[PDB]
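A single chain, nothing else alongside it, follows as structure tokens in the form deposited in one PDB entry.
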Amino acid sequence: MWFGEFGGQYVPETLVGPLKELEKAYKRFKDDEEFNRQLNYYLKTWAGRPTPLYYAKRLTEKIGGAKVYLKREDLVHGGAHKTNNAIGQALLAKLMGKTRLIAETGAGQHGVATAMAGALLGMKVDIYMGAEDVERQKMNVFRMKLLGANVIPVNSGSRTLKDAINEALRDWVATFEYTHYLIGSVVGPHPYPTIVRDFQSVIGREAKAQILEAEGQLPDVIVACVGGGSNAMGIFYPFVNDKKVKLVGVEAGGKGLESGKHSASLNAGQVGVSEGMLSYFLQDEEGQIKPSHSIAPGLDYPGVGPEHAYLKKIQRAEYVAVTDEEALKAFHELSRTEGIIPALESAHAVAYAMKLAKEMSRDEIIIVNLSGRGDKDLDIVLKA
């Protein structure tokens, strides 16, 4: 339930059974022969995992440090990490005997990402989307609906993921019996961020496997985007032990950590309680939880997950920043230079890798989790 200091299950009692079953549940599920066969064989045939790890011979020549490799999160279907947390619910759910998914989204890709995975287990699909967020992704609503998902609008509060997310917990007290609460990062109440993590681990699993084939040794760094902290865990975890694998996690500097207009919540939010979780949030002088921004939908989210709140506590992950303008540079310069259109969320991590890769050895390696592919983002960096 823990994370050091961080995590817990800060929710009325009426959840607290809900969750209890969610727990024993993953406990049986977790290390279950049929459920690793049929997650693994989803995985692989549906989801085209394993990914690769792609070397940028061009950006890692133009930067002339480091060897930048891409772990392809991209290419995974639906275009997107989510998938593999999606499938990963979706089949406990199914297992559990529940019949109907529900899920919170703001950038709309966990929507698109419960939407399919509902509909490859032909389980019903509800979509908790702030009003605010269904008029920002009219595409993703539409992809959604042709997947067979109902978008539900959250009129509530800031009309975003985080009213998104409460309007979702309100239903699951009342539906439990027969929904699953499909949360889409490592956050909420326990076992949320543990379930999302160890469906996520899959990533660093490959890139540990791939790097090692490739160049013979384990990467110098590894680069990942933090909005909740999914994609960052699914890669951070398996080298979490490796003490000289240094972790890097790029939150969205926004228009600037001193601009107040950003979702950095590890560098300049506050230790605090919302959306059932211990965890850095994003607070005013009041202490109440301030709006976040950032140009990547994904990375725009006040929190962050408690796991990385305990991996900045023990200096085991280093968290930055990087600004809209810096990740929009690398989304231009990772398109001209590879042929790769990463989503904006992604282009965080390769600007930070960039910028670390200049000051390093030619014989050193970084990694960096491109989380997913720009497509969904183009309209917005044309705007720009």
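Only the largest set of C-alpha atoms that superpose within 1.5 Å between the two forms is called the rigid core. Numbering follows the first chain given and starts at 1. What changes on going to the form deposited in another entry:
- Aligning the rigid core between these two forms and inspecting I203, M129, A224, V196, the C-alpha positions shift by 2 Å or more at one residue, which is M129.
- Relative to the superposed rigid core, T160 undergoes a CA displacement of at least 2 Å between these two forms.
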Second form
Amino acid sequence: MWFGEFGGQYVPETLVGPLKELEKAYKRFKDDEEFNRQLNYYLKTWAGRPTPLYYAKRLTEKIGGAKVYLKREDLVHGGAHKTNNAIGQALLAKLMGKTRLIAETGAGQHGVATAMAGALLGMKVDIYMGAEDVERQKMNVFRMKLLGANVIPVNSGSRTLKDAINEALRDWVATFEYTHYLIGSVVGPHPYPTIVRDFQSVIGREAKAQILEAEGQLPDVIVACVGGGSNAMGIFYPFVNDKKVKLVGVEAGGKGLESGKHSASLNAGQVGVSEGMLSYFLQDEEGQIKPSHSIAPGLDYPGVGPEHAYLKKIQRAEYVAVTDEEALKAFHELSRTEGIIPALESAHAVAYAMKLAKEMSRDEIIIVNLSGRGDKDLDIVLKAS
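Any chance you could show the form deposited in another entry after that form deposited in one PDB entry?
Below you will find a single chain and nothing else.
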């Protein structure tokens, strides 16, 4: 419920009941033998876990500083960390006796992850999507249909994510008995931020074994991009009780923090209650929540996860930002130098890691979370160049 001062269940009473039933179910299963047999089985044979830790010999040498390892979540089925959470929640839903999954997306990336997992486990999938976002993302709409998901287009309101979240939360309230609401990131009302981190913490447990195998010591610094902060919490959480290990989140700097068009909640954001949780959001002079901007659609969220806010206060994790032009720089450089086309989201985490590598010694170690592959971001990089 509470990561220090941040978190909670700040929702209407009609949602409070379901969330308690989810809370009760998650407790029963999260340590159950058969739930973890099934989950680990699918994560292995379907998703292709474990994912490798890659030493970037060329990139490390070009910089001349600390050794740069890349945790390759780009190689997971679907091409993003998002799959670990979708399988977990979709399986939990199946054992809870649910027959249907709902989710929300504008990009399409989380609906595809939700669709894939629904099809795996033989559940119905309805994905609420704004009619504006549908036109702009026709291939992810087609993917979802190919996967047997129903995309319900939302012509009510601004026809965007906001209205799709409203139409979706409306559905869950009614249908919770048989339907599960699969949340993308470590955001929203408890218990969602806890469950999503628990299903993404496989990244760090693997990274830990793999860096101790590769180098015979824990890493000096771990870098991860932060939209809502599922992948960062994934690769952070198991290294939390290792004081030596510095955790760095990279938010979207956008055009610049002084410019207004950014998504850096933990930098220039203010404490509020939105979308079920108490955390940092982006706000103007008045109390209103402002639009966010990032060239990476994944980092384009005004909010940040409550656990990341908690980690920023106690100074266990620093939180920095990277410009769109710096991210595109690192997108091109990793492609040329490692033959790995990263996600624009992961391009941010890369961009900083190269800066931090120069300043550190060749004996030292940087692990960078490569959250996904950039096949989905090829159009955006073309237009930008």
